[PDB]
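**Student:** Take a look at the letters that make up each chain.
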Amino acid sequence: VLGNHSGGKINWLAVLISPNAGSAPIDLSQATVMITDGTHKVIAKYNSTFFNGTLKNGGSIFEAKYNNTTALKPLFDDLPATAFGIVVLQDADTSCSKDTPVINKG
Amino acid sequence: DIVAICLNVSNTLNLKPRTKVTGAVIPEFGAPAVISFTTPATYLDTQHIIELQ
Ligand SMILES: [Ca+2]
Numbered sequence: 067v068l069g070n071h072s073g074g075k076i077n078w079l080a081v082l083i084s085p086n087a088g089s090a091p092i093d094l095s096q097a098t099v100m101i102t103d104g105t106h107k108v109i110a111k112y113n114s115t116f117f118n119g120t121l122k123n124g125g126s127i128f129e130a131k132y133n134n135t136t137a138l139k140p141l142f143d144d145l146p147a148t149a150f151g152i153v154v155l156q157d158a159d160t161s162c163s164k165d166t167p168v169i170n171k172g
Numbered sequence: 173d174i175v176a177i178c179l180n181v182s183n184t185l186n187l188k189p190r191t192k193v194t195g196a197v198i199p200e201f202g203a204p205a206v207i208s209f210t211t212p213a214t215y216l217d218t219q220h221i222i223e224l225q
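As given, the protein sequences belong to chains h and B, one line each in that order.
So the first sequence is numbered by PDB author numbering: it starts at 67 and just counts up by one.
So the second sequence is numbered by PDB author numbering: it starts at 173 and just counts up by one.
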């Protein structure tokens, strides 16, 4: 888990995740994440708007853009308070697509 | 003998993921064969032929 910082806080988190050995393919579009800091307990779900596939071929996390139709805009700053976005860092077989992010072995 | 009953369902039944399919082949006499499967959670482009039951 990695975490950008400004001011007095950590403001964005990037949680890198992968399948367990010998697992069947997991469809992240139906996952749910739950996080707590001991004062609040947010639960968040995937918003398909915030996908970046290109980074499978290398680049900078924490400066990834996303595509609202007709434009490119920064991902992390735009992502809503109840949603999580997804950025493909390694995928040999193009299994992740914006409308169906299914992760398989590797 | 073994023989394959071929059905084209493209427009008749809407078999997207996570969908239950139920049925029978009913002979003139004797007990029916029971078809019963739920399509996978994820279809992958590398594997166009799927084993369902
Ligand atoms: Ca893959």
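Just so you know, the hints here were simulated from the structure itself, not pulled from any lab data.
Any given hint might turn out to be false.
Residues on chain B that point at chain h, a partial pick, calculated with CB under 10 angstroms [stated by the list, open to error]: (1) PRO212; (2) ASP217; (3) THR218.
Idealized CB from N, CA, C, for every residue including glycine.
**Student:** Each of the hints needs a verdict: does it hold here or not?
**Tutor:** Do the hints match the structure? See the list:
1. With a cut of 10 angstroms, the hint placing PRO212 (chain B) at the interface with chain h holds, because the nearest CB-to-CB distance is about 9 angstroms.
2. Interface hint status for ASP217 (chain B): upheld, as the beta-carbon distance to the closest one in chain h is roughly 7 angstroms, under 10 angstroms.
3. Hint status for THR218 (chain B): holds, given a least beta-carbon distance of 5 angstroms to chain h, under 10 angstroms.
In terms of the numbered hints stated before, the structure departs from none.
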